[PDB]
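**Q** Now for the letters of each chain:
There are 4 protein chains.
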Amino acid sequence: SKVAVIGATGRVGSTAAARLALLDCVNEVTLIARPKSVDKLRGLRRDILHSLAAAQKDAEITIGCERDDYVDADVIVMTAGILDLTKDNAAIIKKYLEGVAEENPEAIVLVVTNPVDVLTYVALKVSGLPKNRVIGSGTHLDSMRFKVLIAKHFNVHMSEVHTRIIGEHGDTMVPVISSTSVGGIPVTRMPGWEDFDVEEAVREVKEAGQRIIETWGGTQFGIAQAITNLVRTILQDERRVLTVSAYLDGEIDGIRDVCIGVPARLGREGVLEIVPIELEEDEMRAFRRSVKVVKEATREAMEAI
Amino acid sequence: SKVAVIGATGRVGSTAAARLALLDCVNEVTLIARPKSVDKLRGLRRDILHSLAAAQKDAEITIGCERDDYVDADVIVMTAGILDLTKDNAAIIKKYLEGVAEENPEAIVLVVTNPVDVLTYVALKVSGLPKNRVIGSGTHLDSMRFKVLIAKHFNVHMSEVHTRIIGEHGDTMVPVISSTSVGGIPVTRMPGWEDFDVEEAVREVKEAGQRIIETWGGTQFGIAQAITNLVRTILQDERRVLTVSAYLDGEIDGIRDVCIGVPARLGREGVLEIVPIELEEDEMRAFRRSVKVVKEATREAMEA
Amino acid sequence: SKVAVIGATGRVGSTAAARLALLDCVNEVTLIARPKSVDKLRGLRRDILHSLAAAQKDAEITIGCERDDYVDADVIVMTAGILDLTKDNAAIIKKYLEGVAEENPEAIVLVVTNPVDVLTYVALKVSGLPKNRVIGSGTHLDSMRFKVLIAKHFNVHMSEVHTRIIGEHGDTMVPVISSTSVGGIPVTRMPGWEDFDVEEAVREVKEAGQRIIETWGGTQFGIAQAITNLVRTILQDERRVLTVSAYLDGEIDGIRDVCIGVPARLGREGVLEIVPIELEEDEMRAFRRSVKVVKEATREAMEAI
Amino acid sequence: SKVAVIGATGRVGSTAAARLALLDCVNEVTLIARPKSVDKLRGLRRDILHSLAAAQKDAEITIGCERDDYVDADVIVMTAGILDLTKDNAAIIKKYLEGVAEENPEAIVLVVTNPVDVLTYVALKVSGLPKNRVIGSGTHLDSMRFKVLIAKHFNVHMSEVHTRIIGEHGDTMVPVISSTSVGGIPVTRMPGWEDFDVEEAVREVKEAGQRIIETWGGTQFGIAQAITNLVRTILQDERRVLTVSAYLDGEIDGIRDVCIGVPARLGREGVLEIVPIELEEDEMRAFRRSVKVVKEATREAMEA
Ligand SMILES: NC(=O)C1=CN([C@@H]2O[C@H](COP(=O)(O)OP(=O)(O)OC[C@H]3O[C@@H](n4cnc5c(N)ncnc54)[C@H](OP(=O)(O)O)[C@@H]3O)[C@@H](O)[C@H]2O)C=CC1
Ligand SMILES: NC(=O)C1=CN([C@@H]2O[C@H](COP(=O)(O)OP(=O)(O)OC[C@H]3O[C@@H](n4cnc5c(N)ncnc54)[C@H](OP(=O)(O)O)[C@@H]3O)[C@@H](O)[C@H]2O)C=CC1
Ligand SMILES: NC(=O)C1=CN([C@@H]2O[C@H](COP(=O)(O)OP(=O)(O)OC[C@H]3O[C@@H](n4cnc5c(N)ncnc54)[C@H](OP(=O)(O)O)[C@@H]3O)[C@@H](O)[C@H]2O)C=CC1
Ligand SMILES: NC(=O)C1=CN([C@@H]2O[C@H](COP(=O)(O)OP(=O)(O)OC[C@H]3O[C@@H](n4cnc5c(N)ncnc54)[C@H](OP(=O)(O)O)[C@@H]3O)[C@@H](O)[C@H]2O)C=CC1
Ligand SMILES: [Cl-]
Ligand SMILES: [Cl-]
Ligand SMILES: [Cl-]
Ligand SMILES: [Cl-]
Ligand SMILES: [Cl-]
Ligand SMILES: [Cl-]
Ligand SMILES: [K+]
Ligand SMILES: [K+]
Ligand SMILES: [K+]
Ligand SMILES: [K+]
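Residue numbers (PDB author numbering), protein chains in the order written: chain A, 2 to 83, 92 to 314; chain B, 2 to 83, 92 to 313; chain A', 2 to 83, 92 to 314; chain B', 2 to 83, 92 to 313. A prime marks a further copy of an entry chain.
Errors might be hidden in some of the hints.
To be verified - Subject to a maximum C-alpha distance of 27 Å in a straight line, what follows is the list of computed DSS-like cross-link-like pairs (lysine-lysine):
id : chain 1 : residue 1 : chain 2 : residue 2
1  : A       : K103      : A       : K140
2  : A       : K3        : B'      : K3
3  : B'      : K3        : B       : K58
4  : B'      : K215      : A       : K58
5  : B'      : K3        : A       : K161
6  : A       : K58       : A'      : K58
Claimed, not checked - Which chain A' residues face chain B? A few, computed with CB under 7 Å, are given here:
id : residue
7  : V39
8  : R43
9  : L45
10 : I49
11 : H51
12 : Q57
13 : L150
14 : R154
15 : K215
16 : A217
17 : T224
18 : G231
19 : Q234
As the list claims (entries may be wrong) - Between beta-carbon pairs, the in silico distance windows are:
id : chain 1 : residue 1 : chain 2 : residue 2 : range
20 : A       : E29       : A'      : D258      : 33 to 39 Å
21 : A'      : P200      : A       : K37       : 53 to 59 Å
22 : A       : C26       : B       : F205      : 26 to 32 Å
23 : B       : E213      : A       : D262      : 34 to 40 Å
24 : A'      : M293      : B       : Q57       : 28 to 34 Å
25 : A       : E67       : B'      : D266      : 52 to 58 Å
26 : A       : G226      : B       : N113      : 53 to 59 Å
27 : B'      : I83       : A       : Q219      : 29 to 35 Å
28 : B'      : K96       : A'      : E208      : 55 to 61 Å
29 : A'      : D73       : A       : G226      : 55 to 61 Å
30 : A'      : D73       : B       : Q219      : 30 to 36 Å
31 : A'      : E208      : B       : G227      : 38 to 44 Å
32 : A       : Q219      : B'      : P36       : 45 to 51 Å
33 : A       : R35       : A'      : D246      : 34 to 40 Å
Simulated from the structure, these hints should not be mistaken for laboratory data. Don't be surprised by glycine CBs; every beta carbon is placed ideally from N, CA and C.
Using the sequences and the hints given, assemble the complete structure.
**A** Written out as structure tokens, the structure reads:
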């Protein structure tokens, strides 16, 4: 399996490529950058190879700056980026991913560049790939953090909690308490749920990104591990129900023609299906509002081309 | 951490000891059997030590036939076993576990011998240990098997399924669909649930044991891995919600004075609590029917 | 990958199949027995499936009693067995493995039935397979135990010790101190080597089998884990230098036409090569004597057919 | 176990803290930097906590800028760093690690800041800690890289190769072919050793650092994983023989009063001993030449 990382010179790309190389299901990682940044990729390549030696792991680490270098990959991770920024990043998506289905119709693309929901739609539109082979990180990490917050409240092993945050990876994210469980027990029926402040929790999840930006400079190790989790789930055909930004086609509320954070059973074929989750009234209204923000943002992004 | 396996010369005990010794959290395993069966334990000890060498793992393997060889263990796994059956096995429980708490009050006892729910109660009574430190395998394996069947039906990663079979480790076991979820979604709302035959699944779970006995002679690898799973959850203080035979004290429908399969958050201190699971009508009726059978069988065991 | 276990009803076969199913590189385990023992395989199949559920692992467990059931396997493990016993077991080898190369020339056979060195030669002769795809457990476990004994003497992590016992899996086994090292340092130069009694150690390794036989009934968990280690090394193409019973063709002392415990670099193709280890005078003499015992035993076994 | 990372705002420190927090043996990581850089640590703390959530792992992440925030750590990883360079870095060592043993005598210090061998000596002197509890990354990564090159040459599993680069973490490093083995066989007797260019391999090992700095800006992931490997060996008392910068006291050729890369059996108590490795003529000459450079550079650092 070959995983290409476009934007490997950045904080997210660099750390993603390092942790992806450690996966046993990844035999080759190709670092992609602008032609005037490949020399920096030569250093990153050596540093990662040193990490593998230390961890007693093996992977092929190649470098390049052209379409021929990453088009044949099994997974293409887009981490290259910076209203007008959504423009410029959307253009980057286009330059890299336009017409990929013609050379490799079996490619899987995972977009991380923000706005992730908008740019996954751009990636799918320009790529020509099937809707099941183009996704974005979306609210995956947000859901995993919410999962930990609940597990710590009830003081149970993390694996016992199943939860998800759907919608935009941003202010309009929606927690789905209606499909949240602790050891299979609906969380509303668990002792102590009354003492969990869902709103504070969501707030902690929603603002963390901006707080990290103004202090450490931006997310790095968090998003990198989330990418690793998604790529492993795919390449090892694990068929987990993960919350990622995917193209909706009526599976939830007949909502259609948008890419947004939703539960998806993920395997080697990409999105095997979007789980038709049934939302309560409030959850449905918040989810509809979130779709409204993403669709308008997607329209402006496409108008820009 | 030291784990003692009583009944280590048997099918279950031997295999349990072997897989327990592979755990990083288990630094010593003590093989316990009757005095006449000591030499057999010497060979099993060496065989397990060979397994550790091949797995590049380590563990101190000790052997004994006396109380002083296991009373100070952190976990005592009870696999020694022959109504006439329950009586003799309860006598074995009493012989080995009477007055343990007087010498090791922090010991944890895991009962595996059948009837496990009954003998779990016997163990707690004769042990004098706290209710939270005496449990049984119960329907733990039954729940994990049910989990795989649901997972294979929806074709999802097994970790996505959380389900549970509570009550007797036997014919009166009760599946808790009310507390069964896939990715957090109530299983009733998952697409395709109509095509899942719950009753046929339960039959496969409750009947397999008899089928294995009639063919291979009895379960072995399955129960040994379940023992390994339970002991690791305890010694590593993982705080998982597993279904084990434990003493009920009014957590579910105010039922009391019985050891039966229930959800319990397990850690290094044992049963941290029995989760107050809310059951729907039919499930409640079946569970109460199962508590009746277990309580009756327990009184006869205690009387002898 | 499919691994067939012939003799799965026995102590070694049963436990081998259970631990092999737990390997991520093994997707199917086929239990093979005599037609009048398949019903017992039905119980073992269920018990193993229960073990996987408990360990949260997956494997396909099939059963059968004919050549069509195991001939297409990727690895065929022979654990079916009981001078005259060497006869009867050799006949069993023949019944199961004669002409396998005609239906599956890429099959790999791992013999465990004793005498392991003799019966690996029988298996290779009757199978028609290439010499690199037929081996036996040999002195693999014996070497691993010797490795632990040395590591405990020097109180170092086991991974630091590299050693091997070559020759017959029996009284004529030979320790190769000349190729024994602790962290790469020749063990003869390590502080405290003078306090290690090699003879007692070898004795502990040589007699353990008989002592276990007269007490617990025979080896079970030890040999099963050794089989698992060998199958994993093969199916995952790990290219370790493991000591197994293999066909010698002049790689050591120009010794040829015998199967005996020797170091072999092992991968998906079986024996990639027998490492031409250079033995000291005493080690060479003991190794030559061991070959003499195996060759005579092999001749008598073949005369029996 | 609590591991403190001083210099956590930097490339190495941040990445080191992230991978350390993933270790099961590390329950707490304390991020330490200068008072003005505290808010930056808040963001790094949250980023690492996100990584743990995604990896389904746990760890308490603390932050500080004072001695009291790290003196009680079990392992203190020194990654804070700017001859004028060595002097300033030695001043940093002194500021952070002076008098640690007075408050935490069982602390273990791992020095990473370059020149690592020199600053390891500085750390030991100013710390007052025992010689066995102060080490440096030294040629640990250099040895692991050399191991992979030999392994790829013979096309064997990497675990089959045991090799070692001792001496200075720099130009005067010395490979110990005399103590290099493949599967226990002396590498000199392994078929194909003639086709292995040792000198070209050493050049690739000693020059890569400069190449990474001139391109990516400096090493990061490699050294962070090496730190993670060393800390795990200590906290899990694995007793591996790893090459680290440690205080020599006559174990190799009676050389004394210098911290330099040498084989050391590492456990929870630190350097359990420096293995008395026997070197052949040329290797001995190169090692003595390297001890000269390190001792000289160490005296100048101490003088300032
Ligand atoms: N949860 C989420 O969805 C997260 C989203 N992200 C997104 O990831 C992206 C990268 O973030 P980060 O790595 O911190 O940013 P960095 O500035 O560290 O790296 C940016 C990367 O983009 C490349 N790049 C920038 N402009 C162009 C261009 N015009 N053409 C080609 N390549 C270009 C850079 O290459 P060069 O060195 O040549 O400039 C570099 O590889 C951002 O868009 C960010 O929003 C980040 C974290 C989490
Ligand atoms: N709850 C569950 O899920 C499961 C329950 N079990 C129960 O485990 C028990 C053991 O099963 P199994 O291992 O197959 O049986 P075996 O006959 O194979 O082993 C029985 C063990 O009990 C010992 N034992 C027998 N009689 C006595 C006695 N009077 N006093 C002391 N020790 C005695 C035996 O030692 P010795 O050799 O000296 O006789 C041996 O160690 C049974 O009660 C069985 O029902 C088994 C599997 C699953
Ligand atoms: N280090 C080593 O090399 C080791 C070698 N071994 C060898 O493994 C072999 C099996 O040992 P173990 O499992 O303890 O023995 P068991 O008696 O427990 O099992 C024997 C197995 O062989 C089968 N078998 C016996 N006779 C025949 C026959 N005529 N035709 C077909 N199948 C037959 C049995 O089937 P059924 O039930 O129908 O009889 C059963 O599957 C022995 O030869 C032993 O020497 C064992 C351990 C270690
Ligand atoms: N031995 C080895 O194998 C390796 C050695 N190293 C060494 O590690 C050190 C750090 O490298 P790197 O992380 O890339 O460097 P960075 O500049 O990225 O980080 C330096 C770190 O040191 C801190 N620091 C700088 N000046 C001072 C000071 N005067 N007092 C206190 N803290 C200070 C910085 O904090 P702030 O942000 O507040 O300035 C920051 O945490 C260097 O000395 C380098 O040579 C690196 C890699 C490998
Ligand atoms: Cl990282
Ligand atoms: Cl998710
Ligand atoms: Cl359970
Ligand atoms: Cl087993
Ligand atoms: Cl070996
Ligand atoms: Cl090393
Ligand atoms: K890899
Ligand atoms: K252990
Ligand atoms: K498997
Ligand atoms: K941790």
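**Q** With reference to the structure, classify each hint as holding or not holding.
**A** Status of the hints after comparison with the structure:
no.: 1; hint: A:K103 x A:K140; in the structure: holds, 16 Å
no.: 2; hint: A:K3 x B':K3; in the structure: violated, 38 Å
no.: 3; hint: B':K3 x B:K58; in the structure: holds, 26 Å
no.: 4; hint: B':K215 x A:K58; in the structure: holds, 21 Å
no.: 5; hint: B':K3 x A:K161; in the structure: holds, 20 Å
no.: 6; hint: A:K58 x A':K58; in the structure: holds, 23 Å
no.: 7; hint: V39; in the structure: violated, 10 Å
no.: 8; hint: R43; in the structure: holds, 5 Å
no.: 9; hint: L45; in the structure: holds, 5 Å
no.: 10; hint: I49; in the structure: holds, 6 Å
no.: 11; hint: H51; in the structure: holds, 3 Å
no.: 12; hint: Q57; in the structure: holds, 6 Å
no.: 13; hint: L150; in the structure: holds, 6 Å
no.: 14; hint: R154; in the structure: holds, 5 Å
no.: 15; hint: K215; in the structure: violated, 13 Å
no.: 16; hint: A217; in the structure: holds, 5 Å
no.: 17; hint: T224; in the structure: holds, 3 Å
no.: 18; hint: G231; in the structure: holds, 3 Å
no.: 19; hint: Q234; in the structure: holds, 4 Å
no.: 20; hint: A:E29 x A':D258: 33 to 39 Å; in the structure: holds, 36 Å
no.: 21; hint: A':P200 x A:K37: 53 to 59 Å; in the structure: holds, 56 Å
no.: 22; hint: A:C26 x B:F205: 26 to 32 Å; in the structure: holds, 31 Å
no.: 23; hint: B:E213 x A:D262: 34 to 40 Å; in the structure: holds, 37 Å
no.: 24; hint: A':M293 x B:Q57: 28 to 34 Å; in the structure: holds, 30 Å
no.: 25; hint: A:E67 x B':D266: 52 to 58 Å; in the structure: holds, 56 Å
no.: 26; hint: A:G226 x B:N113: 53 to 59 Å; in the structure: holds, 54 Å
no.: 27; hint: B':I83 x A:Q219: 29 to 35 Å; in the structure: holds, 31 Å
no.: 28; hint: B':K96 x A':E208: 55 to 61 Å; in the structure: holds, 58 Å
no.: 29; hint: A':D73 x A:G226: 55 to 61 Å; in the structure: holds, 56 Å
no.: 30; hint: A':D73 x B:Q219: 30 to 36 Å; in the structure: holds, 33 Å
no.: 31; hint: A':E208 x B:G227: 38 to 44 Å; in the structure: holds, 43 Å
no.: 32; hint: A:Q219 x B':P36: 45 to 51 Å; in the structure: violated, 24 Å
no.: 33; hint: A:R35 x A':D246: 34 to 40 Å; in the structure: holds, 37 Å
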